Amino acid sequence: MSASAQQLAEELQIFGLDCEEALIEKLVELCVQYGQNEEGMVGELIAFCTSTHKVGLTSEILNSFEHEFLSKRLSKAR
Amino acid sequence: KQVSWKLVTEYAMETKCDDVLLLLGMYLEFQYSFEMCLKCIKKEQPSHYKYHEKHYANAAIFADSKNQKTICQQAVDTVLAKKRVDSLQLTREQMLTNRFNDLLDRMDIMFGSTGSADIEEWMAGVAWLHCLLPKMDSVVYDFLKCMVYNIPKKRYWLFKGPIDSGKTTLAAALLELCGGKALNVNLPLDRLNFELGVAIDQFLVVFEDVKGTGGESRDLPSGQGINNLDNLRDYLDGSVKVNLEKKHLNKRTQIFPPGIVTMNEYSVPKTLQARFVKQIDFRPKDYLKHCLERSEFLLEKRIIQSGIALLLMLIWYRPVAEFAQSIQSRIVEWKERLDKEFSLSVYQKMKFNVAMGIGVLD
Amino acid sequence: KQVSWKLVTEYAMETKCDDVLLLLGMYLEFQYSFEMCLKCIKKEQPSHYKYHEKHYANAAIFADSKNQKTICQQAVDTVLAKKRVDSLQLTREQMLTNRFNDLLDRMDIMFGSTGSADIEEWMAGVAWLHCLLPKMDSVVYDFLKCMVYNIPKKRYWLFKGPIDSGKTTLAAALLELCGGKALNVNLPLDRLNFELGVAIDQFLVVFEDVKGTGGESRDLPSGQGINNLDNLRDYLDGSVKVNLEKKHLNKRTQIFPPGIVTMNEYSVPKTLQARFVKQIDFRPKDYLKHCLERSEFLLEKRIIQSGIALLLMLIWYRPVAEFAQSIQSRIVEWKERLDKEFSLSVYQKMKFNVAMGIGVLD
Amino acid sequence: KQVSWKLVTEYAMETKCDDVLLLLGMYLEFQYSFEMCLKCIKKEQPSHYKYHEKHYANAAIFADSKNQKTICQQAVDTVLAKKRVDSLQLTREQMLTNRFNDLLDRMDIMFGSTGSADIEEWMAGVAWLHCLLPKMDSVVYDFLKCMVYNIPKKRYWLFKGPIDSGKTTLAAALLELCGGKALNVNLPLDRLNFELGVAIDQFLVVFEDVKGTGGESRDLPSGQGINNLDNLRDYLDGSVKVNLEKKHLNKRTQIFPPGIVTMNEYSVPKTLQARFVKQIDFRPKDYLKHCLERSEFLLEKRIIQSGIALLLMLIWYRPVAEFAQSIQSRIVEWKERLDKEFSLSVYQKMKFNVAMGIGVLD
Amino acid sequence: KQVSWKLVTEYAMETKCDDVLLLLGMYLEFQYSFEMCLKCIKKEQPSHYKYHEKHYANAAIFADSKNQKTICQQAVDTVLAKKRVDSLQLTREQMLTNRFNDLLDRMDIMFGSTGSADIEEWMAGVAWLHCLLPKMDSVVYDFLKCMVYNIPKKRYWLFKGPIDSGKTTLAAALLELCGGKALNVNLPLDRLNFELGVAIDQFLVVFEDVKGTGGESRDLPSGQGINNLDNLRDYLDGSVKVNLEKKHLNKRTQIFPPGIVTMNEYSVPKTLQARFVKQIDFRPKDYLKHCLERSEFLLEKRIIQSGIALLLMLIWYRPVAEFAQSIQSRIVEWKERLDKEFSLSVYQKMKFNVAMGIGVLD
Amino acid sequence: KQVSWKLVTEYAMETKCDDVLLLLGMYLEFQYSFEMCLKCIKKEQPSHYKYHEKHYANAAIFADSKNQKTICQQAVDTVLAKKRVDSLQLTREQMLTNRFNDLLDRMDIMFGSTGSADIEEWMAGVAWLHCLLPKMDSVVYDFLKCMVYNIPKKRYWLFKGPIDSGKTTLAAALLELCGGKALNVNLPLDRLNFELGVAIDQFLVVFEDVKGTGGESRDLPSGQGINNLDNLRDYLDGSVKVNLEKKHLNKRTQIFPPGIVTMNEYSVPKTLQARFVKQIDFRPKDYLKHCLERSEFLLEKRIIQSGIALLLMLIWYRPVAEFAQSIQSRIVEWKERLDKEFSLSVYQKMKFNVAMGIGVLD
Ligand SMILES: [Zn+2]
Ligand SMILES: [Zn+2]
Ligand SMILES: [Zn+2]
Ligand SMILES: [Zn+2]
Ligand SMILES: [Zn+2]
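If you read the protein sequences in the order shown, they are chains Y, E, D, L, X and U. Numbers 1 to 78, taken from the UniProt record's numbering, label the letters of the first sequence in order. Numbers 266 to 627, taken from the UniProt record's numbering, label the letters of the second sequence in order. Numbers 266 to 627, taken from the UniProt record's numbering, label the letters of the third sequence in order. Numbers 266 to 627, taken from the UniProt record's numbering, label the letters of the fourth sequence in order. Numbers 266 to 627, taken from the UniProt record's numbering, label the letters of the fifth sequence in order. Numbers 266 to 627, taken from the UniProt record's numbering, label the letters of the sixth sequence in order.
Just so you know, these hints were derived from the structure itself, not from any lab. Backbone N, C-alpha and C fix where the C-beta goes; we use that ideal spot for every residue, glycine too. Any given hint could be a false lead.
Computed footprint of chain X on chain U; a stretch qualifies when at least three of its residues, placed anywhere within it, have a C-beta under 8 angstroms from a C-beta of chain X [as the list claims (entries may be wrong)]:
id : segment
1  : 342-352
2  : 388-398
3  : 411-422
4  : 458-467
5  : 559-570
Part of the chain E face toward chain X, derived, beta carbon under 10 angstroms [said to hold, decoys possible]:
id : residue
6  : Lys334
7  : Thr335
8  : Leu345
9  : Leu369
10 : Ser381
11 : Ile384
12 : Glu385
13 : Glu386
14 : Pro453
15 : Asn493
16 : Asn496
17 : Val505
18 : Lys535
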């Protein structure tokens, strides 16, 4: 059971968020580690690209998301 | 002393008023004086201050006419007559060409000095609308041409999606973007003839929420929508000249115009699905909901469901080499106005708030 | 000599008479003499003693006319024509502005010297009406604006409640407070087209008691009410221009006006409930029953279900900063008259008797 | 050398003929000569010998008219126009005042020199009618005022009783006593609109024998009567202006007049019963049956079911202080005539024979 | 001075316009000036630049006419009158003779200097159409004569085949090749009379997709198509003069014209099949599908479903000794043009690509 | 410079054209010149070359008439008026007398010099028709008189037989032999009134294939045919004046004409069969099938189902002492022509080939 990167990739084609197969599947983990649906994940993710000013997406910026925003509010590890 | 009919007919051909009582009231406002008319100074309706001085002479006598409804009646017939002709001479692409221009005419007024429309809000709608479906603008161009090409048994599109998603929001805007009317088939096949007679000389039809026997477990009420669609095979194909009736005596026997059929996850027969072209499953997105929760101007001023909104989306993304060669000169015009008011940063910044779930204009 | 049509049409535009035979009879009363007319001296109908001397000259010849129904016929069309135009030019808020003023015009007469209306009783109704639902006046302001904003698939309100509670009492008063007509869908979807064609150029619709298959155990007769509502999805949304018919030949193809749908605890499909905005469950209160048992003037003079009653409730509670800026000057006028006749003690003293179960005016 | 329309219209306003062909034939009898007219000397119809000399001049030319149906047509519209107006200006009590007077006008003729009506028989009917229900005369006064007060969701009365009891006998007389028409709802809800359009500008309605699914064991055929009644909730309440249609084009949109609903022990939904006021269970009495077995004059001359009969019952029992102040002078008039012809002994002597089962006049 | 009706009627008889509003608009384009008319110079519509100078004089005054719809109305009746007569005098073979010539008239324009039609594409369609059914051209000749011979209970043909095969593609082209209209019977037998009245004075009828109770396991929705067909036995036989209605008042009582009935593998009663002549089971071929995938010009310019296409197929294969002796001289004309542009190699080379699944013109 | 109506009406009374548009077109052909009219020289339609010189003067001005449809309209009413009268004055035997003569009039033309009808083929049809049922000619005489005698509940005949046998072939010819129209009852009892109104002033009716619930195992589709027949008991008896409607306003209330009812082995209620006279079970004979396989001229030129065919059969077998005394002189005329062209050998030689299964003319 995953989150189907095909459901989260759609939100990446709307704002022009270029992400290869490896990058989109990286967010699929975020939907299984916290339970954030494809719609709420993309919504919270791009808010992280503003607090740090980063209009680009790699494996670092998407990684620091679980160590900055979601790290201080894990609902499955209390 | 005598009333002129050619003048009333002229005004009718101008505003393209295909209504009787409407054309009557509008013309009855020029039997006073444009000297102090508030509606003429305030610049409220282009169909008033732009034609009062032109028909003030006749309207003055029109008031003392014993056939006020008769004079305007003939005008209406002349209006429908025009459309009756254009639906045969002008190609399906030229018909749109005129529509796209009329849509811009409103813009040149609302987005001008005598307008109260804010371009910022309409540009925000283009953002929400593009966040409704993958490559929304791209799909619009395909549908447009799909309507132009007019391919038998390959015309209607399917807007099948759950409640509250954007179907009625897009299927509506598209109706105004291209032109036409929206019908319904939930009613018995009795008055169906009195309603299907609206697609006469039209461009496309819009079937809103068709009820079918399917989806009995999904709390989806059954009806005659899906059934009626199948009871209109030729109507969906368009390879034959179907029969239509307008006010008792038959008024037309042409090819039933293409269009869009919407529904809420109902069951669809294979013999029916084979009459469609593409199936767009609308997804009830949350970020879109929270978006409008801080963007009332889209629902209030009717932007997300306005044809003028999609037009701005067609001029923003799609190149000029895709429009008619007689309108390409006008497309570039707004490609300069829009890029002047909004750059690429302010634009995506709006689609950004959409992703968040906040006001598009934040 | 010769009969004047512009005069008859003028009188029609004044009384806004959208009826043929009615406009005929009313005008046929000015072919006598205002010299000794009892109705002119007694000040019975503002549509008589205020226009007789104005149309006495034409009406005198109108009697010897061979086209009495024809002359008045054209006038009616001019009347409907006016509304046909206002429904497009004036914003939905301005349309109400005019209504609120017309409602006050009646008041300036009934609550004046030539009136037989007692302000005490109407103020008592405002008490009973406020004791009908929590923050009644507050809800009224919300509904009003809800009608003004006009939000697709977010317009109709639900007045779902048991028998005898106040639904038909409020859903009726609101109809006159804002303006429009009340339809019915219990009849087959056959004559539905001949009845739905009344919402043309209207403001809101009122569906009285819709019967559904649900509630078969609660002794609630089933019908086609709930079903028909679902067979009119687009009609409920308003994102598309539905089709309407008035007297054979089509008269309009506009957006179906919003409104209120009432019922008696019947089952409601989710696809239908998603077309509403708010659900007001009316509670059959006893103190309200015993209240009217000693306040016949409310049921007799039609106060608890009068639009003029709600108007007094809107001027009593709601500030002036909420009304139109062109009517704010008139709102303050009655805020002085009402506070002059009734203080805050005499007012709550009426709502007090309501709590008891005795006459509001005790 | 020309026909007068004002004269024909005048005669129409007199006889209040709201019929086209009827008004035509009646007027075509004055194109001969009142010099030897038998109907004028024999004093048969007050609408003949009283208006022939008045319209003999015009009727003479009316015969050589090419628009005999057109001239009378406009008159009819003027007639309906009058009622169209009175239904708004005159209070519901004044409307009855005029009716009560017109009912007495017939009496002043039939009970006079040019009449063939026997007051003895009509006084006997007042006896049988009073032996139909407890305090019959008392109930009549209540119903009358109940119609005048006009209280929403508190107007219609229920005449629920077995076959042959007096329902159709009273529900009919009351119709003429107050004024109005009697409709039916046993027919599909299709032609229901073409029949419900009769209550226009009326006073009250009379629903004869409504069939319901209930009473399947009592050999009572089921229908759509009871159902249709529930499909007309607002129609029964009267708190909203229902829609009505008269001859294709709509003629009215007023408040549906109150009335009486009759049935034969059928089942009645609670949501329907809550729309009534009082339930009168008619009892099939034997002494009433045997009574008419020796009083054919009541069934022949139509007395037990005549509105004039109830009028005599209202003038005999009810005081003068209950009638209109403009008719109180006429009520006392017959209170002297009736007491002159019949004392209190001869009266009760008739109700006596009723108790026995013999002729009321024995 | 005065408008001429004979001229308008003349133009009507020319274009054979059997429409009211259409004939009106077309004639309203000659009230300007052919001096600079773009449509006259560009040679767009033969019904314009060929009749403007002919009716410019009358059309000039036609604009200032108070009966623009009346003048054109009578013309329409004269048009229908012509067909009303030809359907009785000219044999069923002569009627086709005129049709075949009118079909060639369009060709002489489109395939000429003032035409934008490419003969190559239409010749390609003749290839695809011949690859649709075994000896397609051969079958066409049989159907044609089958329509001419007119044999009772031996007229209608059956186009029974699965979804997407070529039924609606052929049944449509044939309709234009011979002449007539296409009806539908999926709707209730209520409006059936208002639709069956189109076959008046026609040549053949086309029933598109008839739904029957059969095929419930093949996912084939049931309807009233098959049933209605059986409810029209005499209509299918043609041995009796059936009744038809056109606009309220009956317009004809003739023999119901033959035709073609299409369906999608539904069950067919023996009593119904006995009313047909031949059953053509259309096969959903793949190579035909892939063929159009590289030949959009056939679906776009409407060739595979055009009557003009079949005409080219009749002139290419069928000898001259089979056509009318009055048209044999014209048939040879194109037998020289077609053989001049395309030999036997280039022709079969197109049918070759069809076998492959690639563009016919490769 | 005025058009004559009496002339147009005269021509109408001649051709007995009971059609509006038809009578219009036919008369519009005399506004040219009979000087070079091809239809006048070729002798194509007796309703042309025989009346052109007679109405050339009026038709010349008829073209410039503003009421072309009005003038012909009144003529039609005069035509229907004639039949409206004859259906009451002339006995049912005299009505046939005129029919038999009109049938011979066509013969005197087709079997003359200006005719293209071959007497040999029509005489062959008389053979096939006589080989259809035992003593066919004998039965025809019985039916004829059965129609003349007009005996209540003893008028209609039953043509009950399997598919393809000769029912629709005879029931059709008889219709033209006597005169009248053929109706249908397979459609709902809704439009039944709009179809049953055709039997007005007619002679006999022809019900083609009535569907009943019976025969569910014989693959015989059920309908409402048999049912509707029973729902028309009085209509079948003719002892009462049934009600009929022609174009909205009622046009007649006479006795429903007798006729023939056909069916395909369906079940028949006893209460229905008791409304018939004789039951003719048509047998699907093979030799008849093979016969037409070599006698296309019978099916092509419509002979086996022509009324003129039965006429030849009535003059060949039945004596002269059976026809009207006013037509007996004309019957002998053809009894000499037929016996002159064909003896008794050549005749039976045709019926011989029928027995074989080869062409009647071999
Ligand atoms: Zn102005
Ligand atoms: Zn007055
Ligand atoms: Zn007299
Ligand atoms: Zn031109
Ligand atoms: Zn001629």
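Now for the hints, and whether the structure bears them out:
no.: 1; hint: 342-352; verdict: violated (count 0)
no.: 2; hint: 388-398; verdict: violated (count 0)
no.: 3; hint: 411-422; verdict: violated (count 0)
no.: 4; hint: 458-467; verdict: holds (count 3)
no.: 5; hint: 559-570; verdict: holds (count 5)
no.: 6; hint: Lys334; verdict: violated (14 angstroms)
no.: 7; hint: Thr335; verdict: holds (9 angstroms)
no.: 8; hint: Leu345; verdict: holds (6 angstroms)
no.: 9; hint: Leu369; verdict: violated (23 angstroms)
no.: 10; hint: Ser381; verdict: violated (36 angstroms)
no.: 11; hint: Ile384; verdict: violated (36 angstroms)
no.: 12; hint: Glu385; verdict: violated (41 angstroms)
no.: 13; hint: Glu386; verdict: violated (39 angstroms)
no.: 14; hint: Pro453; verdict: holds (8 angstroms)
no.: 15; hint: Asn493; verdict: holds (9 angstroms)
no.: 16; hint: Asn496; verdict: holds (4 angstroms)
no.: 17; hint: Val505; verdict: holds (4 angstroms)
no.: 18; hint: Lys535; verdict: holds (5 angstroms)
Checked against the numbered hints given earlier, this structure breaks hints 1, 2, 3, 6, 9, 10, 11, 12 and 13; the rest are met.
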